[PDB]
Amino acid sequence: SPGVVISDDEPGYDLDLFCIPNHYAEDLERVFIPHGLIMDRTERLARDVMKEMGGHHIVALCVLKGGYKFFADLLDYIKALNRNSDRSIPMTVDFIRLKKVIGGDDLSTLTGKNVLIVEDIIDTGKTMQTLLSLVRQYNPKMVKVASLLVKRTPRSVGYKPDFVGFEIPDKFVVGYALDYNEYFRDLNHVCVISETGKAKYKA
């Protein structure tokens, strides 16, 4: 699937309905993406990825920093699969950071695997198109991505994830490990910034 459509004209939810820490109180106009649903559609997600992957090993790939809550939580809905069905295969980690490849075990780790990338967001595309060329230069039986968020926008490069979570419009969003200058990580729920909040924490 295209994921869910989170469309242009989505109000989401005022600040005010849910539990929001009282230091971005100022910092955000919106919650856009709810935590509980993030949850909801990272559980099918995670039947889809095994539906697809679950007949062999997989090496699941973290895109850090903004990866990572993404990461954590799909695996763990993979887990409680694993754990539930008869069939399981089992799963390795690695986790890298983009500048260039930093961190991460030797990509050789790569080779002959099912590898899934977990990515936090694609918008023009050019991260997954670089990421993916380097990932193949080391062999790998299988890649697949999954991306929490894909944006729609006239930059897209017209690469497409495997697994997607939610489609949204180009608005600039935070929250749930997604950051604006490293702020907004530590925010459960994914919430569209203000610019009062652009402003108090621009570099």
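Residue numbers count along the first chain shown, from 1. Rigid core here is just the name for the largest C-alpha set that superposes within 1.5 Å across the two forms. Compared with the form deposited in another entry:
- The comparison between these two forms, aligned on the rigid core, picks out a single residue among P140, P161, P34, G66 whose CA moves by 2 Å or more, and that residue is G66.
- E195: CA moves less than 2 Å between these two forms after rigid-core fitting.
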Second form
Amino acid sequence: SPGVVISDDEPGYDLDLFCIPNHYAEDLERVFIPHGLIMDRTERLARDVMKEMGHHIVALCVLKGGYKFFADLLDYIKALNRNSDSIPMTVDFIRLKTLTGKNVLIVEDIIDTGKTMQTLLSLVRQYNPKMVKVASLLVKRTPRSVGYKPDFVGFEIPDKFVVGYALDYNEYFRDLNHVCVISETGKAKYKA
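Swap state to the form deposited in another entry from the form deposited in one PDB entry:
Next comes a single chain, given without company.
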């Protein structure tokens, strides 16, 4: 319900324990969530979603720089639907930097302070959909948060800036499949 909780100590296996590209060896300090681990968690997230909404849904995929999460999640949802009825499913998008009388499912990669999603919920509520639930792979424990909690959470992680899987850093760490903590060497290196 609160998701897979990663404690402040000791979170994230060491870098040497998982395959990491040599060119990112110094730009990361610790790995929080290995790729296959995100996969298995997302799979169950597809089930949790499907059993929370049994009426043709609209996958409203929050769209910024990445696609991985909502691509994987929707793949697993498509795997579930692959047994039962000819179930339709519309996937929509919202770019950040129609749904009225529909069962909507907002998909986001990570929530830090919450404002982003909170504001996103307001805009959507105005169109008066039948119901709106939110799914977020990551929800960061931080005093900078406004209190908003998603309906579906993949993992809860320490207040660190992570990259990988679906998260980037100035168009970098795209080929990094692991959600890891970026080090100070990386921040300065890939600074805009």
